[PDB]
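Enquirer: Listed below are the residues making up each chain.
2 protein chains.
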Amino acid sequence: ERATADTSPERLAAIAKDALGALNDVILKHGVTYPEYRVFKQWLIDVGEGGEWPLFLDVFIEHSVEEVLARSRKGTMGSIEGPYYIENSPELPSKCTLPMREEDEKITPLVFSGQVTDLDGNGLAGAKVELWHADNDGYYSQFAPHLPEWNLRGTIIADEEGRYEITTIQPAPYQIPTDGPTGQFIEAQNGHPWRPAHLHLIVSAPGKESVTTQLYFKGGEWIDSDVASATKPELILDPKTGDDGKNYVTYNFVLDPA
Amino acid sequence: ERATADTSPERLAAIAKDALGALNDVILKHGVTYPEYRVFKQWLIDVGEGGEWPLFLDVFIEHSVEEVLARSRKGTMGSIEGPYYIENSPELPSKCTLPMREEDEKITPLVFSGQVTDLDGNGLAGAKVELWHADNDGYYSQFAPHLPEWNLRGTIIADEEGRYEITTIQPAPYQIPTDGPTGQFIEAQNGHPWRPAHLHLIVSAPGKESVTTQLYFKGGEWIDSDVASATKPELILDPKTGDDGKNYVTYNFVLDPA
Ligand SMILES: [Fe+3]
Ligand SMILES: [Fe+3]
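Top line first, the protein sequences correspond to chains A and A'. A prime marks a further copy of an entry chain.
Quick note on the authors' numbering: the first sequence kicks off at 23 and runs consecutively.
Quick note on the authors' numbering: the second sequence kicks off at 23 and runs consecutively.
There may be inaccurate statements among the hints.
Identical copies carry no separate label here, and so any pair may be met within one copy or between two of them.
List time: in silico DMTMM-like cross-link candidates among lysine to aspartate or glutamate, alpha-carbon distance up to 20 Å [stated by the list, open to error]:
| no. | residue 1 | residue 2 |
| --- | --- | --- |
| 1 | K51 | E125 |
| 2 | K240 | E32 |
| 3 | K39 | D248 |
| 4 | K63 | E103 |
| 5 | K39 | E209 |
| 6 | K268 | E89 |
| 7 | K262 | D40 |
| 8 | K128 | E23 |
| 9 | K63 | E89 |
| 10 | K63 | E109 |
Honestly, the hints are just simulated from the structure, not real lab data.
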């Protein structure tokens, strides 16, 4: 139930030494003061009392952890998970619409097509696409009590050829939660709390290395100034609008061997 | 009631940028992994749930905050406060014994003499010495329910000449609390959790800059390997034993103008 790793005492000793040394160096570089130290201590306590460690770490730290993993991989680019992924979302056939409310129906549709392939571009049987994203108000299901537990969440079962056609709503930018210690941190430095419009996805196939990633939208606000530093040029979509007024886009996933 | 500072949005923006950048650089230098990231997130949450932010920060971070303050000062060396200082401890006359239990009486006495002076060595009227320290079991009053609220704590009123003669018990090394996330951190890297034997003191006088500091004992265990990195050569005492079997030492305090 609790996370574990095999990091030797020696490896942790070297990590800790550098990380503590770097922080101490910043204190010495900027002449950090005792009143500043006191504010910083109270702020660390407020983050914990506020349930905001997942939030703060995934905004400010996760992008480097993904950058490390990215060195080992040759397939589709990864991006950060973020704190809103939920396992075992209900399966949907390869052409489907995600579960949504009447209000969600009022949003311009997005029709997302593509194929899960291996590094050589051959289509993969047994592949699954797990999709989750925010509604037009910037809310995620299971992290807003008013929403049905699986709003805009599903496990898409790709066909024999690894193909999928998933219709949903067109994502919109949103602000991360700003009524706690993280919004305070951002407001005290004259920052902004916005992420660009995006889809979240986890893509898998028998005997393949899974990929966690995000997909963004050409010309969208906040792509060049994401608070989470999680956007990459290779992950920006360019949907074309239909005569039915729906947004259409094709995007393929490419998986490394396990 | 809550700590405050005047740090401009610009100054905080520069501090944050460096501090976040340094941490991200460590992740990239050591190839920190996703399971390592998950352990680190759970550990930050455990520190907060455990009431251990004062502990962890004062062991691993405070010594740099004091090193900053030390640049501005010419008097007696400072050291870290640590998390156990309590304000308004009961006043005692210039020659006194600290409050203690019968058990404490069984410990070799320590008789601490000296004078509070200005930078030119002139003795100061109105000077106070606030002393607090651990008992022979490594416990601090108000942070162990079995002890009287002011065990080994007092506000010493120096004489007209700034002089004092304070008798107490001879301090002993102790381990910091190790049954929580901080002891876990230390145990996973093959570290040790010991501080050397020490007195804690805050010394003041009308219109003077106060000094927070610690005093240590020549040849004592753990002086060269303090977990808190808080010892300095200039703060090591060399008590001489009497024919009464008590330890005797003289030490002067030297205060900067406010
Ligand atoms: Fe998101
Ligand atoms: Fe102490």
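Enquirer: Next step is simple, just say for each hint if it's right about the structure.
Expert: Okay, the hints, checked on the actual structure:
no.: 1; hint: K51 to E125; verdict: neither (52 Å within a copy, 47 Å between copies)
no.: 2; hint: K240 to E32; verdict: neither (46 Å within a copy, 31 Å between copies)
no.: 3; hint: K39 to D248; verdict: between (31 Å within a copy, 15 Å between copies)
no.: 4; hint: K63 to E103; verdict: between (28 Å within a copy, 14 Å between copies)
no.: 5; hint: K39 to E209; verdict: between (31 Å within a copy, 14 Å between copies)
no.: 6; hint: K268 to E89; verdict: neither (34 Å within a copy, 62 Å between copies)
no.: 7; hint: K262 to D40; verdict: neither (48 Å within a copy, 41 Å between copies)
no.: 8; hint: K128 to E23; verdict: neither (40 Å within a copy, 48 Å between copies)
no.: 9; hint: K63 to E89; verdict: between (29 Å within a copy, 18 Å between copies)
no.: 10; hint: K63 to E109; verdict: between (35 Å within a copy, 19 Å between copies)
Taken one by one, the earlier hints fail for this structure at numbers 1, 2, 6, 7, 8, listed in ascending order.
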